[PDB]
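One chain is shown next in structure tokens, namely the form deposited without the DNA.
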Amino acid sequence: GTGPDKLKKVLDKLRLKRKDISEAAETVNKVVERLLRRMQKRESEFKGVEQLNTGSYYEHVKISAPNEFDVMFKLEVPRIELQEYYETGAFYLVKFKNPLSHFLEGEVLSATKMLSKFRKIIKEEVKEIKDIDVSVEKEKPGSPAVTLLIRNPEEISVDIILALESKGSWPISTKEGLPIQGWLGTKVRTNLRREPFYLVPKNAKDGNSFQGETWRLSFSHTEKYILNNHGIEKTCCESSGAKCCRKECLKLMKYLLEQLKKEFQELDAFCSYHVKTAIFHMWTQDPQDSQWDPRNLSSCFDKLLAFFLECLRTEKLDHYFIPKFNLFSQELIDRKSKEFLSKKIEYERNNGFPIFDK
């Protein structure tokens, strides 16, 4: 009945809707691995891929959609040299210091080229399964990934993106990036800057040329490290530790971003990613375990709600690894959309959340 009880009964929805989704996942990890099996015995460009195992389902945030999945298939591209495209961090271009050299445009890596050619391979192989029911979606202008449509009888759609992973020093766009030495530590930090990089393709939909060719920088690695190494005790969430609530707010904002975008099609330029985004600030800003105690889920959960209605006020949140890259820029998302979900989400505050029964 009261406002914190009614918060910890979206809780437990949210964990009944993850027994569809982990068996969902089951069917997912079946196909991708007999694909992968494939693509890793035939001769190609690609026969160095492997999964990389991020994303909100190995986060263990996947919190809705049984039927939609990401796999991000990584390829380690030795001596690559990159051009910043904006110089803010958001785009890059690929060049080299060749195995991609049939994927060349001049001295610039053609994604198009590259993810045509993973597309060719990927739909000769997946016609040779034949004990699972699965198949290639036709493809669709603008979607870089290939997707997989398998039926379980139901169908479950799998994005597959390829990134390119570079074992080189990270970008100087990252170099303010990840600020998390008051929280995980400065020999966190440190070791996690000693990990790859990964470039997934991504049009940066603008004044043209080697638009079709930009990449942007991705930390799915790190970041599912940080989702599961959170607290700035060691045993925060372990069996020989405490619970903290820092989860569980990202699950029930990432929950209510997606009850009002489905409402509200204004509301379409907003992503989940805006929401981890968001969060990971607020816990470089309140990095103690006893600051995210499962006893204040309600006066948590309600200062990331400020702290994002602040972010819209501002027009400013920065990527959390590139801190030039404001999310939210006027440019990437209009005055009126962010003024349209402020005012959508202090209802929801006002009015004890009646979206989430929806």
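In this text, rigid core is short for the largest set of C-alphas that superpose within 1.5 Å between two forms. Residue numbers count along the first chain shown, from 1. What changes on going to the form deposited with the DNA bound:
Once the two forms are fitted on their rigid core, between these two forms the CA displacement reaches 2 Å or more only for 140 among 194, 262, 140, 175. Core-superposed comparison between these two forms: the C-alpha position of residue 84 differs by less than 2 Å. Superposition of the core reveals a Cα shift of less than 2 Å for residue 339 between these two forms. With the core held fixed between these two forms, residue 156 has its Cα displaced by at least 2 Å.
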Contents of the next structure:
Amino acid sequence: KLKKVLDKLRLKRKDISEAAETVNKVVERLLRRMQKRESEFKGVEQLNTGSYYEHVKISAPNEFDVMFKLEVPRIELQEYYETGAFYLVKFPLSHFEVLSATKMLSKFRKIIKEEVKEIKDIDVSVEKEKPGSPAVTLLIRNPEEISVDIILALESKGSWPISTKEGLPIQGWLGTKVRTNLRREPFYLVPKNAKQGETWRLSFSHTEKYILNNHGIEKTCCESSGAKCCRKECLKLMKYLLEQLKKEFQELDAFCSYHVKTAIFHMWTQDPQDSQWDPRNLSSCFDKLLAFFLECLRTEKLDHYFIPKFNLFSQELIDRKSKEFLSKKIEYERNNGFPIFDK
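Since the structure above is the form deposited without the DNA, I would like to see how the form deposited with the DNA bound looks, so please show that one next.
We keep it simple here and write out only the one chain, dropping partners and molecules.
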């Protein structure tokens, strides 16, 4: 049943091969252009992120997320009044004393659009800009559509901002050494605007990737000399439930896969033992993820996993009516054996 759905969602080896080689041609050419032409982003480096590099992309390898990260030393940070995730940056990049996210992104966008016009072997265009968003999105066609988000990022090597001090609550699950080591990694700021044009937002995509590929309380979880768990499969199932619902209902435009990812990070913290995610218990595990997600809807509270005071389900971000609509749609699917999984 759920097993059969996961067979449908599993990517095909041939499809993976053909998408990646086209994606990698385009990204390599873009990363070269940021370097060789003496742009203000010389030194930018590639960091692959998101579901495809975390091995939880479902259905088709048709959406790829790539970070172009740039070290900036002396990056004075001021919290955009009390939001937790949004900051103003202060002190080559002289043409952007506040580093305007909008101004930096636009020049980054301009460069990419120029380089895309010279690619003659791949059918690739730049998607119209979505306001406030941090991405430059590419639309590729090998006959099948593939989109690529190029995400500009500032990389800072100082200790993480104080609003994360209580985040990453992995101590009872991945442990204190893993937590201390992860917080010795840099933190990242991404030109996503708040509601304004100068604000950046923290990104922990690199930390989330590590967690996805090192998710057990036992070191051997899902390795060739350990036992499989069903953590990622539950994430896939929940991503699919939301993807299918978002296709149908325009009322759900405010929801995104990151809400499902955040909710399962909390569930993985609540239920740390690998035996609590036995493959034989896939249905129970999926159902308790559903119940926890519904509890977040009812209480209007889904805290950012790295930034606990930042409520992704606040009234300001998602209207109460949207959350009650999603609650009804999920409650219905749950009570009837998920008919939407058969479409």
